[PDB]
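Asks: Spelled out from the first residue to the last, the chains are:
Number of protein chains: 2
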Amino acid sequence: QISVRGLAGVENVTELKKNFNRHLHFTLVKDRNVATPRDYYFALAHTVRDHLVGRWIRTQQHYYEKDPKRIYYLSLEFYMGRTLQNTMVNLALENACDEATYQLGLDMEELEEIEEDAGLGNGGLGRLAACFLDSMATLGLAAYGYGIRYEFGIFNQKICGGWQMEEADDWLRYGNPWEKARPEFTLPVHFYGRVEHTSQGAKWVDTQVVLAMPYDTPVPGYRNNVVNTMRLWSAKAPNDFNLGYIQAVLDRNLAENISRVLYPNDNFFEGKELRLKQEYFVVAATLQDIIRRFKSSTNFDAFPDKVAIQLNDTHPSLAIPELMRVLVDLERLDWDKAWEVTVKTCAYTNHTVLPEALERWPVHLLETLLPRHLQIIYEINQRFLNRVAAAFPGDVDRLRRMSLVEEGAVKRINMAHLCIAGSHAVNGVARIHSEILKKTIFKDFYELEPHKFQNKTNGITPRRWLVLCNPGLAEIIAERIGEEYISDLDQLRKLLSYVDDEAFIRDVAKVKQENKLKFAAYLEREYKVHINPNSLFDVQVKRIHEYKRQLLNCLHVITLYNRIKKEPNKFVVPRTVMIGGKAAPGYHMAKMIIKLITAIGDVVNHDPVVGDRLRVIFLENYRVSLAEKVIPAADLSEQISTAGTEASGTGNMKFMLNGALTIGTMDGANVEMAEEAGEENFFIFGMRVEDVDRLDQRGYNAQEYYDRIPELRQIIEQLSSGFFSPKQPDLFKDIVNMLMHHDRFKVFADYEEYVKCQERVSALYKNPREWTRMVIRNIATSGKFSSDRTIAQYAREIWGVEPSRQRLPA
Amino acid sequence: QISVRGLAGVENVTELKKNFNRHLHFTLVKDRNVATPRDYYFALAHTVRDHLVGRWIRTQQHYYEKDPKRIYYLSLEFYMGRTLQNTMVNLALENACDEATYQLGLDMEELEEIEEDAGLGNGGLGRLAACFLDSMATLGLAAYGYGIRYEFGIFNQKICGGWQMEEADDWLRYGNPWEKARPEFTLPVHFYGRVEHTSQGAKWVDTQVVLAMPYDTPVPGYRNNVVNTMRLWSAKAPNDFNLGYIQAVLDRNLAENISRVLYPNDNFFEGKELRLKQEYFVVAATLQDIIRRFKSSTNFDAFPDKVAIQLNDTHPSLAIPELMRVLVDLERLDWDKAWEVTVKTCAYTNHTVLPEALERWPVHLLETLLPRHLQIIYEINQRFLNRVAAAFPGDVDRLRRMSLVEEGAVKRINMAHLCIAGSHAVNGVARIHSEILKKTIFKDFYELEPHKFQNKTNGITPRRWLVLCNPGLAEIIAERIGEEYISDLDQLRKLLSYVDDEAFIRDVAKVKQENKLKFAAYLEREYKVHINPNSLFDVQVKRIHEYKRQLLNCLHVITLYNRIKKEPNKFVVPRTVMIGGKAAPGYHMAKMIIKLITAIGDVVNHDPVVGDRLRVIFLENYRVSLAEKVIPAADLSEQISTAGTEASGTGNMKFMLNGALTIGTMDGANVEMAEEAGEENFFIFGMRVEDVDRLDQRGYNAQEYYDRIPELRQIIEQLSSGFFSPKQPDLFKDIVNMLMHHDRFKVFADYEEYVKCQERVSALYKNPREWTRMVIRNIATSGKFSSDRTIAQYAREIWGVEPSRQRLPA
Ligand SMILES: OC[C@H]1O[C@@H](NC(=S)N/N=C/c2ccc(Br)cc2)[C@H](O)[C@@H](O)[C@@H]1O
Ligand SMILES: OC[C@H]1O[C@@H](NC(=S)N/N=C/c2ccc(Br)cc2)[C@H](O)[C@@H](O)[C@@H]1O
Ligand SMILES: OC[C@H]1O[C@@H](NC(=S)N/N=C/c2ccc(Br)cc2)[C@H](O)[C@@H](O)[C@@H]1O
Ligand SMILES: OC[C@H]1O[C@@H](NC(=S)N/N=C/c2ccc(Br)cc2)[C@H](O)[C@@H](O)[C@@H]1O
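Line by line, the protein sequences give chains U and L. Using the UniProt record's numbering, the letters of the first sequence correspond one by one to residues 13 to 255, 262 to 315, 325 to 837. Using the UniProt record's numbering, the letters of the second sequence correspond one by one to residues 13 to 255, 262 to 315, 325 to 837.
Bound-form chain U, shown alone:
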């Protein structure tokens, strides 16, 4: 039907149809009489996956013959979403499969909805890993993603009585057609035990063993015939485990619990032993696999020439002492040589500045679980601190600030300090974030080793985040500038010469309207909720966090409601305000915020005076597949974190690429987005980082704002008095108290500017032509935010490898 979806050739369509029937029969053991919709999905998945196989074998074979430097991306999170459409897109099979299924009497889009998200991540960090894998394959890098195959991913969110309920994400229940178990590479991982010092070095003995079994998932590049591997480890008990009899067999569950569930606590570091076990498990299995592949090329001098390990935050930081352990204890390298190898191999990416999220493991935990690693960390620390002492003689406070070991009630290891010490490169994920790292939280480290600190501004893949989710937009763009932009997103700049083109303006606006109608219909069908598709779609989707300031959004919503109620017969630009995102299960304030949003909806949506001029909807179970639907439909992207708190954001880039305008603070990548598009084409408001700093020095007094802004006072009074919870008048007392007395994120301080800026948004929307021209100016300058650009920068400036857009033979 549409051009960017590929050719639907006669031969290909015929072959797809016959392979679909073959799989239905031989693979699913069904005929058309008894086949369920799920059977049809699986038949299609197997049909498509067959096309990856040759490319996958020949890609890995090529890496064996050419022996390039290998990139190992270590993450505890890979937020992949669905795989079927992505695979079809990257293989140019979409139209052919659509035609083939149509002729078989099936709707392919309906089949696509059957696939579970691989929800193996929490939010931005997990999704970044996934975009990165796609870009590495598209850029022809010999790259592997390594993580954990969680049996249960991020919980499914249900809203019951306005409250978040969690249910287990049993995503493997029907089987996963995109994975291949690799039992021949099953590896032992060691825990507990004790250290013995012999004549010939230390030995880690009396350990408990858990097996690590790998599962490989393909990562296809965009039409280049490259298929890379994501290898995820699953925990398996050894067969003699605990081996009264019945109990011993049942107790195998204990060992296998390691890979059972993704930790969803993205707000607050919890020193939980099971989490520590997960972190070591992925690291130990991965490093043995890396070393095996390196040997199948004695001389570890060449190790950093053939291996790069990227640590996605500090979660896999144990790679540093584990690499030392293998090199010193097993390979018998001297300490200094081993250390040089380690440093040159490892690089570390930081994803946050919030102190409560920093991993600081109690020493007593590491002592019991990983006694040899603790010893190694102590030795790393002593040698590192000796370097600090030599560089800054007499600066004793610097020594305690930089120590990997934190003294206090419980001694802790600061994993970020370990990562900086043991890496040749440290990067933040947006220019302002990387600057904050050099100036504030890692200032001491920057002063010691300034060459280590880099920036790598985040990006998103334009395959999933434009071609897949918004084919209508991709197509009208391709009609004018061709298809090359899909793997060279900077080419979108050519769209600037179309900002005055009446045909293009009409098409951009039409695609948005179509996306909005489609989403308005998705809401009615799957959720029985009714929305006005001519309203401005005002969207804030992201995990619920105080720093992300969904509360500020709530305050605006109530302001709009109160203004309408005050002057009911005055015209206002109709809005559909959509907020969605999951709260970490133990984060009380975040759960209260969700309840607030639904409570506002309950009042606003049923007020007859309001009509269809304002609607507040909580988007349930926000996840990658829902993002693919809502983002193309959005007019306004809410990116309103307190300046200095959102390291980068990536949702912001998704909205920019898909034709929404952004209202945002100068925080994270918003700064660079505004810089690319021009500040005139962005709705910027609020404190800058410097203003926040000024406010902290003075002391933040929320009362001052309450006293001087009558509209804000009214909202707080409504919240306190039970206007939004008639039967539980004090329901929101925690929220009011926090806002009034302990708001780390200065919600009131940005309120006035936010509301005024929102008025300017409404003003522009009244003029559809000018709204759309500004939209074109955003899309046209979104090129920098391709993860292809990000990955090319990692490759050249950190990994020491050249990307390549050249095809492998088909």
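There may be inaccurate statements among the hints.
Identical copies go unnamed one by one, so any copy, or any two together, can satisfy a pair.
To be verified - Calculated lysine-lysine pairs in the DSBU-like style (CA-CA distance at most 30 Å, straight line):
no. : residue 1 : residue 2
1   : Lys-42    : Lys-313
2   : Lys-248   : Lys-295
3   : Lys-537   : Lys-192
4   : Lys-78    : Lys-42
5   : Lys-248   : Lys-42
6   : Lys-42    : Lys-81
7   : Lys-333   : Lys-42
8   : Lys-248   : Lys-465
9   : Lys-597   : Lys-793
Calculated directly from the structure, the hints in this document are not laboratory data.
With the hints as your guide, set chain L with the ligands onto chain U.
Replies: Frame of chain U; chain L with the ligands shown alone:
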């Protein structure tokens, strides 16, 4: 190569080769450079399984269109062994696959060794279920096997220092190519809760729910294109289960533990809650599936015309009150009608008379776990006992003897009594066993309802137990009488006219010698143990039980050793004595017996004076795949249970079919085997049932035997003094004490006759011609012991269905 293995046509071989390569590539994601032996096995399994698919779909479709009466065989055990060769045999694909793999440079027999046994049973009862499934498919019956998909089957047995060690049988670790998950038939099973009595009947409420997910395995008939289903249930937690967060997800293991492991305690009934849960789980899921299929044909009068449920022992006895529960509580049938339906639907097969194996569930367990079922059982009991009281007025002791409820310390439900009450047919498994049921343990029930009691003598499938495991024997038989005997085993009688045929005598003896050489080589290669292949292979393989009297065998072995040591330069017929079998992990005496056997081996095998004249080997990890190897190799089958204790035995029939002579007591099916072959062609010794009864009346005094048999005294003295355990002189004091003071199985009482009978065995073996002629007389009369005969009897006399040897279209 050999005729009974089918045609290796050019077209078929070419197609097998190409489908093998297709699976290696597309299914296993490998090419020949990196493929492991296990990959080759899987490629072959997938190639063969493709051939089942059309037949499987068309068989089930046929049952839907013709709507025959369906047979549901309920068992907690299905001891299937390996599936690959069996599938090839039943599809006539063996030679073609052998040729195809040969041309690809692979040894098919080597590939076959890679397959794990499906070890979903303990011994005879589990293996009987498997033979029965094969026969039901071969006889064209619309039959389903229903059980549990245990994650862990019978433990793998390791021998360490002469002691049994158990390890988990992780048989699904690499995936099972013979199963298809059927998620659309996932069903809820209820536990705990409480009963409410409303205006309109009882209601079972506040239950905990565990999901039952079915997995289908094909059961191919012998060359008739019939493929029946074995459906095994797996336990799955519902998604809102226990839904702090992390723990709730980890706790899902609790629910799923139901299908985790097979109970291996075949010696002693343990009232363990988890076992009770397994029993209800299989019953509840199966009955819903049965009823669903029955409705997809309101009127339950026709239920017994369309449904037969066979209960394999009392393990699925809860089917009776569960059927009542569904009929009364859910369908609202009156009690008496529901009961009539239930009785006409259910039949019960008893497999033992040993009191300690009888299931007697504590009332307090059923009260908590299954409160409604207990109420139903109480009501069944009252109505049943009212019938007893009317039939035998004033016989108050009969009332307490026949009650389903046993009074005592803890009240218990006698599940065997429940099964008799609620079934239209009760059968034993060999003529003498069924007689014992009528005369002793169920005498009261027989007197009340004599029409209910039947015999169905056990059988084995001649597909697995001749064609598959002994193709050489199958072939020399087919050369003379054709191939029809394979599904009509009575035709083996035609071999009687060959007992004087010199060519046939030579061939029978040659096949045995070849089997023995092959097994002698298997022992050296996989276990590094050295045996003389010209010795008599004296084999006792079966689970270790006091009643099976492996100890009696041990006493003979020691007798032979002592006689050799006494007269070293006298000629004796060389023997290789092989004993194998697993002991239930909590059965101390059985574990002591294994240690005794190995301890005897340790002395006997290293005595220079003995030479290669006597060797004692413990066959480690006896299981179906090992039985397939050792049984064809055996000369002498040890079937030496105390008369009245082995209900049937089936190992006995396997040896008879494969050319071993039998030394045995007149117990179980041995009686009928001797009757078929003629007593002159069997080595019968020892007490008959009547002699055992006489001895019990008098009182069994082991001392008397010890005092009057000098050779027996010597052995006991050697055992006591530490001759067989020099470093732990008292190791075997438990064994001696048991033999001397509390031997329920009268080992000493059969000793003299056993030893004398064994002398007659040695005498015959000295004359190979006469040995072989007697062997021919055994094989030729083994026809009655085909499970095809057994199943045809069940079909006609219990299920009310006619078997059919007619082909379905290919
Ligand atoms: O879903 C059923 C099972 O499938 C198995 N896959 C097998 S046998 N072949 N896959 C081949 C394959 C071919 C191409 C791609 Br692109 C990916 C996999 C997986 O190993 C199991 O984990 C899984 O549960
Ligand atoms: O760079 C990608 C994105 O990274 C995000 N960091 C995230 S999701 N950390 N999660 C941390 C975490 C900690 C413990 C657990 Br258990 C789970 C998650 C930043 O907040 C975004 O600004 C940035 O765009
Ligand atoms: O082993 C990998 C997985 O395979 C799956 N089988 C699938 S997808 N098709 N089978 C088709 C089939 C075709 C013919 C026969 Br005869 C039996 C099964 C099973 O459902 C899983 O339980 C198993 O783990
Ligand atoms: O009819 C087939 C065979 O049945 C056998 N019974 C067996 S294996 N019962 N297992 C009972 C059992 C009880 C509890 C558990 Br937990 C496990 C097994 C008889 O002993 C044989 O004589 C007979 O030939």
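Asks: Take the hints in turn and mark each one as holding or not.
Replies: Consistency of the hints with the structure:
1. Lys-42 / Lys-313: between (46 Å within a copy, 22 Å between copies)
2. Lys-248 / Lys-295: So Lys-248 and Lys-295 pass the 30 Å test inside a copy (13 Å) and across (26 Å) alike.
3. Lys-537 / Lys-192: Close neither inside one copy (43 Å) nor across copies (47 Å); limit 30 Å.
4. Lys-78 / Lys-42: Cα proximity of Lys-78 and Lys-42: across copies only (20 Å, versus 44 Å in one copy).
5. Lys-248 / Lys-42: The answer is between: 24 Å across copies meets 30 Å, while 33 Å in one copy does not.
6. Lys-42 / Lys-81: The answer is between: 24 Å across copies meets 30 Å, while 46 Å in one copy does not.
7. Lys-333 / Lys-42: Close across copies (25 Å), not inside one copy (48 Å); limit 30 Å.
8. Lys-248 / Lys-465: neither (42 Å within a copy, 51 Å between copies)
9. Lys-597 / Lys-793: So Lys-597 and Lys-793 pass the 30 Å test inside one copy only (15 Å; across, 116 Å).
In the structure shown, a violation is registered for the earlier hints numbered 3, 8, in ascending order.
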